[PDB]
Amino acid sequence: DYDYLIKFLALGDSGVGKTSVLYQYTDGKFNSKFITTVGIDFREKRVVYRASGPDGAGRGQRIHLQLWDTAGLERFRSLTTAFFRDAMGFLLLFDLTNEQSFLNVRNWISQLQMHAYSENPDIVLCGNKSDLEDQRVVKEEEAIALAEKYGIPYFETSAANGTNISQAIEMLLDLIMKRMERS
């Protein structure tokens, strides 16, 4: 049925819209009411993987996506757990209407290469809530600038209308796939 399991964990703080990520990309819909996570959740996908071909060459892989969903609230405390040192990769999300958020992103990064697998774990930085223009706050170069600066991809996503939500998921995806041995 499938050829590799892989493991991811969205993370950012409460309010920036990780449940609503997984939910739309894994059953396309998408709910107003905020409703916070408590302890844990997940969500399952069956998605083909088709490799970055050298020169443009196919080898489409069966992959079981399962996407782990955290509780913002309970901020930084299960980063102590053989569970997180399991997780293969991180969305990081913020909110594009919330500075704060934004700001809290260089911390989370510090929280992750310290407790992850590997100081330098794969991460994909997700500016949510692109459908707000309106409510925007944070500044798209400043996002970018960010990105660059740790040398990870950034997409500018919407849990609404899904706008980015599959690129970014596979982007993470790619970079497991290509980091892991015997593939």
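For clarity, a rigid core is taken as the largest C-alpha set superposing within 1.5 Å between two forms. Numbering follows the first chain given and starts at 1. What changes on going to the form deposited in another entry:
- Relative to the superposed rigid core, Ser110 undergoes a CA displacement smaller than 2 Å between these two forms.
- After superposition on the rigid core, the Cα of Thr81 moves by 2 Å or more between these two forms.
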Contents of the next structure:
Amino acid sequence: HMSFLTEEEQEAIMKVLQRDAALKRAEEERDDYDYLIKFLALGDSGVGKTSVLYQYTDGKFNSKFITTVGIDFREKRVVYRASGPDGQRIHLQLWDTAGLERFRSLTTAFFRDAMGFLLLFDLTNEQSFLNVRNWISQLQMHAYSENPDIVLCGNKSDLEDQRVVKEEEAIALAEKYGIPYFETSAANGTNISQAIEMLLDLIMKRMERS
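Please supply the coordinates for the form deposited in another entry, as a counterpart to the form deposited in one PDB entry shown previously.
Next up is only this chain, free of partner chains and other molecules.
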């Protein structure tokens, strides 16, 4: 399989890298917040990574499929409270990777910048669920820490008539790898905040203990 990038696509990717470098250089000055926290969404093409992040940052949802050109990221400013009987201002950088195999090496090159991973499959696509095992072993091999923080999302929960992944099977996978699991919908917002706030909690607690 040969893949290609047009000039326009190379241009778009370089712009993402340019925005990223500008963001990191501005943290080197005022590191208007307390932490820059970075995580990365991954999983098969079409499962809803881009929609999930857009629902989270803007509360909006597009029906039209615009497959991601390699890599992108979004930003959000949130307040984090140490979960338990406890406010830190968090600048979130949300990396959005393409799922298509043609972008595997480019997207894996950004794992080094990720403190945690939002891993998606599509509740209506059984193969995307069967590939979760491969995504996890790719994360074991390519993450830059031992035992990376991962939150698993079974997305498109609003499409009940098309659901093919049984809750029991997804639960069994989450227990086997010891990772949290949420069933989400980027269309209506269900559990989006909850899944991403849990990932942020995992990251913040791991830093405090280090």
